[PDB]
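If you want the building blocks of each chain, they are given just below.
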Amino acid sequence: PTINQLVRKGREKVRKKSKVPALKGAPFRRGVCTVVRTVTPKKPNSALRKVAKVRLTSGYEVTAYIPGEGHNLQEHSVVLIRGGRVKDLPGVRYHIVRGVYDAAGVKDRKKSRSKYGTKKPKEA
Amino acid sequence: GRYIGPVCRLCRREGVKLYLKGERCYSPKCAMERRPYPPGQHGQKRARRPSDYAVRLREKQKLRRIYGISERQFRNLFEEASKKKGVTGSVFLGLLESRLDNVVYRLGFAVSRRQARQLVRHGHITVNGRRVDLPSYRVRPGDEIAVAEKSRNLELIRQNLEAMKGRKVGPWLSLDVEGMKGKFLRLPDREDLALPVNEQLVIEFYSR
Amino acid sequence: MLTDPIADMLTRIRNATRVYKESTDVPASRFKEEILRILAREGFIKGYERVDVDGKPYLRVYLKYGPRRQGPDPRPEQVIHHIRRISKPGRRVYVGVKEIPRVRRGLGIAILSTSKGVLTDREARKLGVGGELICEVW
Amino acid sequence: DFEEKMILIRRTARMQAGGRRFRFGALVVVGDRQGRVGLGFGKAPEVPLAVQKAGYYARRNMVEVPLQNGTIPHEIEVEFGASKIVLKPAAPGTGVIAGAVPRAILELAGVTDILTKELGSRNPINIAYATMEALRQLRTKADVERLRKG
Amino acid sequence: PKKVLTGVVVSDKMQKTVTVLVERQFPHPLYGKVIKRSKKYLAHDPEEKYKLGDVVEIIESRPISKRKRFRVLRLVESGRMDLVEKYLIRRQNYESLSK
RNA sequence: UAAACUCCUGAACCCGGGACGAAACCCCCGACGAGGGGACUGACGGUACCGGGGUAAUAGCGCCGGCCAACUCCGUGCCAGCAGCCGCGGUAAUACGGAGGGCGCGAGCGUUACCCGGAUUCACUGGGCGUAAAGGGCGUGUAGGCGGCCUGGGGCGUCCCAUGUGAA
RNA sequence: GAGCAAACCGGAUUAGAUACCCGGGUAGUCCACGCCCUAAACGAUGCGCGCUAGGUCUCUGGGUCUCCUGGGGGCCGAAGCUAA
RNA sequence: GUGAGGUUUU
Ligand SMILES: [Mg+2]
Ligand SMILES: [Mg+2]
Ligand SMILES: [Mg+2]
Ligand SMILES: [Mg+2]
Ligand SMILES: [Mg+2]
Ligand SMILES: [Mg+2]
Ligand SMILES: [Mg+2]
Ligand SMILES: [Mg+2]
Ligand SMILES: [Mg+2]
Ligand SMILES: [Mg+2]
Ligand SMILES: [Mg+2]
Ligand SMILES: [Mg+2]
Ligand SMILES: [Mg+2]
Ligand SMILES: [Mg+2]
Ligand SMILES: [Mg+2]
Ligand SMILES: [Mg+2]
Ligand SMILES: [Mg+2]
Ligand SMILES: [Mg+2]
Ligand SMILES: [Mg+2]
Ligand SMILES: [Mg+2]
Ligand SMILES: [Mg+2]
Ligand SMILES: [Mg+2]
Ligand SMILES: [Mg+2]
Ligand SMILES: [Mg+2]
Ligand SMILES: [Mg+2]
Ligand SMILES: [Mg+2]
Ligand SMILES: [Mg+2]
Ligand SMILES: [Mg+2]
Ligand SMILES: [Mg+2]
Ligand SMILES: [Mg+2]
Ligand SMILES: [Mg+2]
Ligand SMILES: [Mg+2]
Ligand SMILES: [Mg+2]
Ligand SMILES: [Mg+2]
Ligand SMILES: [Mg+2]
Ligand SMILES: [Mg+2]
Ligand SMILES: [Zn+2]
Numbered sequence: 002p003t004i005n006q007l008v009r010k011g012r013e014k015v016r017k018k019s020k021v022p023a024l025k026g027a028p029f030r031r032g033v034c035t036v037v038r039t040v041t042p043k044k045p046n047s048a049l050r051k052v053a054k055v056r057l058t059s060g061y062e063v064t065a066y067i068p069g070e071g072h073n074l075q076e077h078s079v080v081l082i083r084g085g086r087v088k089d090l091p092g093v094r095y096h097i098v099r100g101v102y103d104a105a106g107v108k109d110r111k112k113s114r115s116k117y118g119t120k121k122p123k124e125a
Numbered sequence: 002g003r004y005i006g007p008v009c010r011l012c013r014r015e016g017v018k019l020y021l022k023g024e025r026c027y028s029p030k031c032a033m034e035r036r037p038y039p040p041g042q043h044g045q046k047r048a049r050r051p052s053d054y055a056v057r058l059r060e061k062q063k064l065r066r067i068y069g070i071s072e073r074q075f076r077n078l079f080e081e082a083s084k085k086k087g088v089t090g091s092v093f094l095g096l097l098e099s100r101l102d103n104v105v106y107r108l109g110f111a112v113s114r115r116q117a118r119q120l121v122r123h124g125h126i127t128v129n130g131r132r133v134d135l136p137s138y139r140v141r142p143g144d145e146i147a148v149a150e151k152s153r154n155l156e157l158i159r160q161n162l163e164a165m166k167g168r169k170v171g172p173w174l175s176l177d178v179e180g181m182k183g184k185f186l187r188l189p190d191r192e193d194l195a196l197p198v199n200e201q202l203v204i205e206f207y208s209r
Numbered sequence: 001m002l003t004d005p006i007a008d009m010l011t012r013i014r015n016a017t018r019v020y021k022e023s024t025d026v027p028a029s030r031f032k033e034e035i036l037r038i039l040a041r042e043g044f045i046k047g048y049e050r051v052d053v054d055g056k057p058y059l060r061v062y063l064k065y066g067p068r069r070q071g072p073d074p075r076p077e078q079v080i081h082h083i084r085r086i087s088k089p090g091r092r093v094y095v096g097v098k099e100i101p102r103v104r105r106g107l108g109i110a111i112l113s114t115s116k117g118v119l120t121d122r123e124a125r126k127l128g129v130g131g132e133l134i135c136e137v138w
Numbered sequence: 005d006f007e008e009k010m011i012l013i014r015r016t017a018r019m020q021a022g023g024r025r026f027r028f029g030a031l032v033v034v035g036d037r038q039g040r041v042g043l044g045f046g047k048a049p050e051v052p053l054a055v056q057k058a059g060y061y062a063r064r065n066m067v068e069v070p071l072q073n074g075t076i077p078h079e080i081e082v083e084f085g086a087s088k089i090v091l092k093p094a095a096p097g098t099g100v101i102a103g104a105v106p107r108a109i110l111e112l113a114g115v116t117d118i119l120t121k122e123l124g125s126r127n128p129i130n131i132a133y134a135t136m137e138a139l140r141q142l143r144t145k146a147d148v149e150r151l152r153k154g
Numbered sequence: 002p003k004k005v006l007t008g009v010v011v012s013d014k015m016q017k018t019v020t021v022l023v024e025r026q027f028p029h030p031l032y033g034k035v036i037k038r039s040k041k042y043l044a045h046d047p048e049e050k051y052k053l054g055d056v057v058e059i060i061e062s063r064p065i066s067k068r069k070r071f072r073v074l075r076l077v078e079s080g081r082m083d084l085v086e087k088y089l090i091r092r093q094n095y096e097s098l099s100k
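As given, the protein sequences belong to chains A, B, C, D and E, one line each in that order. Numbering follows UniProt numbering, with no gaps: position 41 of the first sequence is 42. Numbering follows UniProt numbering, with no gaps: position 73 of the second sequence is 74. Numbering follows UniProt numbering, with no gaps: position 130 of the third sequence is 130. Numbering follows UniProt numbering, with no gaps: position 58 of the fourth sequence is 62. Numbering follows UniProt numbering, with no gaps: position 57 of the fifth sequence is 58.
Just so you know, the hints here were simulated from the structure itself, not pulled from any lab data. Treat each hint with caution, since some may be false.
Unchecked claim - DSS-like cross-link-like pairs, simulated, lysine-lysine; straight-line CA separation at most 30 Å:
hint: 1; chain 1: D; residue 1: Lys-9; chain 2: B; residue 2: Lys-61
hint: 2; chain 1: C; residue 1: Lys-88; chain 2: E; residue 2: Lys-34
hint: 3; chain 1: C; residue 1: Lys-64; chain 2: D; residue 2: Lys-145
hint: 4; chain 1: B; residue 1: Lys-85; chain 2: C; residue 2: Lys-126
As the list claims (entries may be wrong) - A few chain E positions that, by computed beta-carbon distances, are all more than 10 Å from chain A:
hint: 5; residue: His-29
hint: 6; residue: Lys-34
hint: 7; residue: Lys-52
From the three backbone atoms N, C-alpha and C, an ideal C-beta is built for every residue, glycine too.
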């Protein structure tokens, strides 16, 4: 506005916050899943998608998504987390990197092969 | 390691005829004859207009594919090209034409860039005894360049001065065929260094 | 009050050029006197003189325009395109010898205030001075 | 002997009882690279009439762009409604840095080097009319010297 | 090059010293506005000649207290009690903002 | 031209040689200074490098509806899934998985977290307040921000010149 | 405390009146007091100054009252503004 | 100067 109001009041900072609540600025964080029950999606689409509530090492317990054609998970599983968001689920804002020692990648995967974490498909 | 594979593939998608093989390019077998369409089994599709990103992308290919210097090897060249004081779209062309691939090739010691890159790369073409196995050398103005004394009587160099038995190359260089050497005199300009590339729609893409 | 009579005079200029007045008035001052030989020097307005209306020291402003050319908006084009005062009381503006704006690349001009009177852009680059940037016609 | 490049195709609609209709409005920029440039906005229910009719709508108007050192002579700040297009000069060989629509107009008029930027809205029609309104304010030194004869 | 800065006397309620604030002008480093700020510089008065409501000159010296560094060198003018009101009315305007 | 094929250079590999980095400290002559001369020392390292002989000898990653570069078939039929947004998959899915092709980069390619720009989306350059968010319900009034004309002084703010300094 | 009228009691309506309609009727509406702090407290337009075509209906001070010189209350409208 | 027992969303 006026210059005297710019000296007295001053402009404000926009104060954006972290969209992911994972502490310490972590790209990845080790977690343990508890129950892998499913959640129905929003209005435009319907799919019995795979979602596991994973407690972290920082004292949190979050709602995570499993990507790929199935998974290999148990109740006492160590699940490394990635983050991001899932658009058509109400509570999910985390992804799971397949390739960690309790989450191996799905076989027959050679196009998004490094994204879904599998080794080279051996020729025969 | 800049690109290894099908190299006349880039001509059919590129459009205008490119000279990167030599004896196959100047002959009427450059695969531009009888096969104009871009490669792949789509090829002669409908006449869809390329987007304005795609036109300057293909202009990035007409500046990059012929010279062979890759993209991470290329952004820095545009960076000191913009750092030099003058018309950057004209200084950049001769600035890439100050390298031992196209200085040696415009001197005519090779039939294409894949002979200049390789025969300079093994370490034969020397800058006055200081042999250089490395075509990324910036050629100074007025630099005389000769081949190795063991390379003066090879089975390929004798076929690499054959067409240039006294060829009147333009004023950005000089040459001595009977001494088998040359002298890059000064940096080439925009138009008399005549290669099929456009100037205007390049800095627009590289500033974005 | 007349808190800014100088911006009021520039509002006489930019207000008179939009409504096409032949002559207009401004209350007289020795600094408003000091503005006008730049405009009459570069040909923005014709002249200025000390007049008197009802016992009040005033100043006439003689505008000029171009020829009446054909086309939409047939009223002729103005000499200035407009004027915006830089030296505000709410934000004082002081420039050095190198803090000289490029006033339309060399087409318009800015009026400055130096210790050696009122002086302009090109002779500020040649003379090497600096002061309070008054205004900028472009 | 112009170039006549169409750059925008808009499919409009109006509601008739039972079913809505269509009206196609294109946007044709015409030029010859020596300063002559024109703009056309057409109204036709089908595409080649939407490009041709806007072509003649680009042909019956013409405005000459003054070219000093191959580029525009001076910087301008022009407000057409909400769109605030701002053009500036450049050095020779700098580059035609523009948005989509001045990238679609100044390369038809023939500007060698432009550094421009718009503010406010992003409507290509208002950037187009803001551009054709913007380049009419371009004057050289000579037509200001012969204008200012005091 | 010890600085010689002009201040104004608003209070001499404590003996052998004076409460002197110094007004000064500086533009804002971002917005660029010449605004007048002040900061009190407690000075010693060994002669007891500078009364309440003076305009004095200030030279720095060796400190005798916590939060004392300066002393009074000279008076430029005096008697302008209106500026002493221009501080002290701000002293009796702080009580209207409390619980 | 991709492959095999005629020809060539032959990275790796082997053989032999071997470095600047090192002349000082230390003595001799000389007037214990000034000056000149002589002597020792390498982890790197038998390495970088030089002279030859000599084998054609690694390649993958992400994307392909629009933003943004690049499409055909098979199976899946709101399920399996993609997903930064718009949002797709209901028997022709150019949006899923696979085959092929193409695109970008290349010993690198995608993904994540953070920061800036994009964003004029805190606007000092560079925004508004009738209807999109916005004038306090209104007035007096403290501090503050300012402020009519002319003359004279101060040179505090402002401008100019040389120097200290803004280390590396 | 005359009338009206929250709450509430009955008649019709409807599955339903606790509403629109009707019959009374309670604080309240009215007066002095100390308080309370609210809105479509609107012109959804902060205050003050200066400039910028006019036409049209009235209030008000003066004249040379035919018309002009100050202020204030509405409509259209030049330039200008706005996304309209 | 004059008009509605009056309605619910598929
Ligand atoms: Mg659905
Ligand atoms: Mg091959
Ligand atoms: Mg916007
Ligand atoms: Mg080959
Ligand atoms: Mg052979
Ligand atoms: Mg051999
Ligand atoms: Mg020793
Ligand atoms: Mg001895
Ligand atoms: Mg010695
Ligand atoms: Mg010695
Ligand atoms: Mg050893
Ligand atoms: Mg050794
Ligand atoms: Mg071989
Ligand atoms: Mg596309
Ligand atoms: Mg996609
Ligand atoms: Mg920015
Ligand atoms: Mg910003
Ligand atoms: Mg602002
Ligand atoms: Mg806004
Ligand atoms: Mg509203
Ligand atoms: Mg509102
Ligand atoms: Mg006050
Ligand atoms: Mg004041
Ligand atoms: Mg003043
Ligand atoms: Mg004076
Ligand atoms: Mg000073
Ligand atoms: Mg430094
Ligand atoms: Mg009743
Ligand atoms: Mg009002
Ligand atoms: Mg009337
Ligand atoms: Mg009257
Ligand atoms: Mg009047
Ligand atoms: Mg009136
Ligand atoms: Mg109106
Ligand atoms: Mg208008
Ligand atoms: Mg109904
Ligand atoms: Zn070819």
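**Item:** Beyond 10 Å from every chain A Cβ - status for E:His-29
**Value:** Label violated. Min Cβ-Cβ 6 Å, cutoff 10 Å.
**Message:** Given the hinted pair D:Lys-9 and B:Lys-61, is their Cα-Cα distance within 30 Å?
**Reply:** 22 Å, holds
**Prompt:** Given the proposed pairing of B:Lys-85 with C:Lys-126, does the C-alpha separation stay at or below 30 Å?
**Reply:** Distance of about 29 Å is within 30 Å: holds.
**Prompt:** Checking the smallest CB distance to chain A, is E:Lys-52 really beyond 10 Å?
**Reply:** 35 Å, holds
**Item:** Satisfaction of hint between D:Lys-145 and C:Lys-64, Cα-Cα up to 30 Å
**Value:** Judged against 30 Å, a Cα distance of about 19 Å means the pair holds.
**Message:** Please verify whether C:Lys-88 and E:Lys-34 have alpha carbons no more than 30 Å apart.
**Reply:** 10 Å, holds
**Request:** Please confirm whether E:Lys-34 is truly not at the interface, meaning its C-beta sits more than 10 Å away from all C-beta atoms of chain A.
**Result:** Given that some Cβ of chain A is not farther than 10 Å from that of E:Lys-34, nearest at about 5 Å, it is violated.
Violation of the numbered hints given earlier is confined to hints 5 and 6; the remaining hints are satisfied by the structure.
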